[PDB]
Every structure is written in C-alpha cells, then in structure tokens.
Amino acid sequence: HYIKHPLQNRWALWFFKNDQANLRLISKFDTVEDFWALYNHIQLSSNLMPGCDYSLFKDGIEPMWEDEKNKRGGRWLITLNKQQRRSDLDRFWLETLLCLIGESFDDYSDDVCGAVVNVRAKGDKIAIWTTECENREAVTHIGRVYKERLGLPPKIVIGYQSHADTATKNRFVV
C-alpha cells in the first residue's frame, strides 16, 4: 500500500580498504525511504577503521579516476583535522549524501558523479567528484552551493583538484 518517493537518480554506496577486489558494493537505492533504510543500518564514518572510505556514486559510475565519467573530472576537497572527527565528520558526510541525492546544484547536477569520505589517522577528507574540471561555470557553482550547505565561513577557502593533477595544486578556489 505505502508509496515510496523516487529520487532523480539511482545511487550506489561503496566501501574501500587499502591492500577491484579491494572495493565492495554496500547497496543501491532510488527512493527516499530505501536511502534512510540504508543509512540507519550502516556504521557511521567517525567509527570506521583508519584507511577506509565510503563513496556515493550514480548508478553505472565506478568511484575511481579511470572511470570514463571521472577521467577528465576533479573534486572539491574538504580537509578535517583530528579534533573535527567527533564534531563535524558524520554531520558533513550526511549533508554531502543529501546534497547529491537531493539534486541540489540546479543546472549543473548532471556534472556531479558522486562523493567520497576518507577516514585517515593524520586527518579526514570529504570530496564531491564532478565530470569535467575545465567547466569553470559548472565546477564554480557546485563549489559555492556545497560550501553554503556545509555552513563554512566566507574566510574558509576550499580548492578543486583535477584527478590528473592528483595522479602524481587546484584549478579553482571558492
């Protein structure tokens, strides 16, 4: 009887550990209900073992540079210190999940490939991946919208790195 609320896209939640076989599908979902059903039955990012990643990517996109919708793409990086693990990490990740599945980037939502959270000893990272790092308009808008939704002061500056640059410096800042 109950009618689920469909999302604009099919999404896939992945888990990664350091040394294809290293990367595991957690679940896919295409409704608001099936998302919350997933979120409430998986471990928080703050409780993950160091050197492990969660990633949400649109259906058919592998969360890797060499994927053809990521190859010419880049990422908006958020860098967290050791103290922010308890206060901001889990909150900033859910805000990123909701941003993506909510199609919150107006004309430029199709540029978004997915988002990644890195759980590291030195300092945690959250990134939204887009598809074309030379698209100033699309990348700049997605950056401004993202920075607002996280609630960061204007003085705090975030950078956008090409995946080609990272595989060895930002292309944009906002």
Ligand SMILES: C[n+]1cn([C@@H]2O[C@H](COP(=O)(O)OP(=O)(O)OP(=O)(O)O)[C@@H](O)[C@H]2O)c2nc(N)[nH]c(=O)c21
Second form
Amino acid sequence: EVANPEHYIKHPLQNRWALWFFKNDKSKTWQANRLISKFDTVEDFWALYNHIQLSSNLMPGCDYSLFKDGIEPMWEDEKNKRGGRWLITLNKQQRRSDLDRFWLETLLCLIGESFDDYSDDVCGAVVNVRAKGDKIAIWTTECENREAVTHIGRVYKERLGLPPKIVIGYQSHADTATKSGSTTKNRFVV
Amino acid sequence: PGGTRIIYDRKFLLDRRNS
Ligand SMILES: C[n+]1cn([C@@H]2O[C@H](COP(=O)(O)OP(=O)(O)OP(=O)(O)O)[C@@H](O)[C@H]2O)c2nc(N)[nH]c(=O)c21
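Return one more block: the form solved in complex with the ligand, after the form solved without the ligand shown previously.
The complete assembly is shown below, putting the previous chain first.
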C-alpha cells in the first residue's frame, strides 16, 4: 500500500515564501502601511497569484513584495541590513508592455531557485508601482558577496530577456541617500 | 556547496499555472 506521490502530492518549493502588500497612506509610518499570505508549493503559488491584482492594475504608490518566510521586506531586517538590490527601472510605457511579465519572471526566478547555489543569498524581490516609473528589484543578503551578487544579476537580466546592451546596477541598502539625493551609487553593474 | 536544492525551470512552473 504505497500511493504514487506524483499523483496526489503538491510540488514543494525549496523555500516557503510570503507575499506582502504596501498601501501608501502618506501620513502613517512606512512600516504601518501588511502580509497577504504564505505558500511553499507550486500549486499554492499559482492559487495566490491567480487571484490577486496584476501590478499594472494597482494604484500608484503601492508595492508587492515576495520574501522568504521569516524575512521582513525592509532594510532593517537581519537578512537585508548588510545587503542590497539589483534595480530594474522601467519607463512609463513599459507599464503596459513589460511590468507584469517582468514581475512574473522575477517570481519564477525566486521560487524556482534559478540562481543555483547563489539562490541562498536571495532574500526576495519588490515591485514598486509608481506614476513616475515602476521599479522591480531582487534583494540579496550581503553586498560584499561579489561572486553571488554578480551571478544573480547576470542570470536575472538574462531571464528578463531585455536588450543585453542595457546595464543594471546593484546598490547596497546601507548606502541609500540621506540628504536629498546625495548620489546613490552602484557597487556592481551587469 | 552541497545540497539537494529543489529547482524548477520556468516551463515546468508555467505548465501548471492552470493545470
Ligand atoms: C523599502 N523601504 C522604503 N522605505 C521608505 O519609503 C520611501 C520611499 O522609497 P521607495 O523604495 O518606495 O521608492 P519611491 O519611489 O516611493 O520613492 P523615491 O525613490 O525616493 O522617490 C523611503 O525614502 C523611506 O522613507 C523604507 N523605510 C524603512 N524604514 N525601511 C524600508 O525597508 C523601507
């Protein structure tokens, strides 16, 4: 009496993930503006994905964040404070043409562990829906892990399939401007 | 290094989007 798993068992993910939503209130503290749900199988990922609004359908000023269970989508978290992110800056036209598919590919890269061993350095990704231009970013745990960071950025850019000549940069969180712009630099580029 | 990581290719994941 041994049922065949492939017939009734859900496809497990390497990690359990949590989806977060951010609603700008302008007044409230950034943190006060929430967890949606968590999942750790392929089937559960789609069930959640299929019933939530596409990023392009969200009001400007909102964010979707998918992070490994236990890691809050903020700079202050133990797994992000020494880290950084690969930033994808989209123009206004790309909201229609690339925002949604780019975000889905990002999700597939995360849950599918597409960066091989370097996937352990991945914390999560966030998509910012903004009137001036949408942004997508994959956050990693340590900005000093060049090998991991550069390989992730390379595979990520490849997966998105955007023109190879376009360069993207990685910025550490501890380096974000604290003045009025103070030139927010990149530590790496690919 | 070392560890049986569960890896899924995009095609595998997309084929089960509706399943
Ligand atoms: C990701 N994040 C964003 N914020 C706050 O959200 C603001 C907006 O940061 P943003 O990443 O949401 O980009 P946005 O396009 O809204 O704005 P801009 O690029 O500066 O024009 C920050 O300046 C912070 O005040 C954050 N504040 C805290 N404490 N922690 C975080 O992890 C964090």
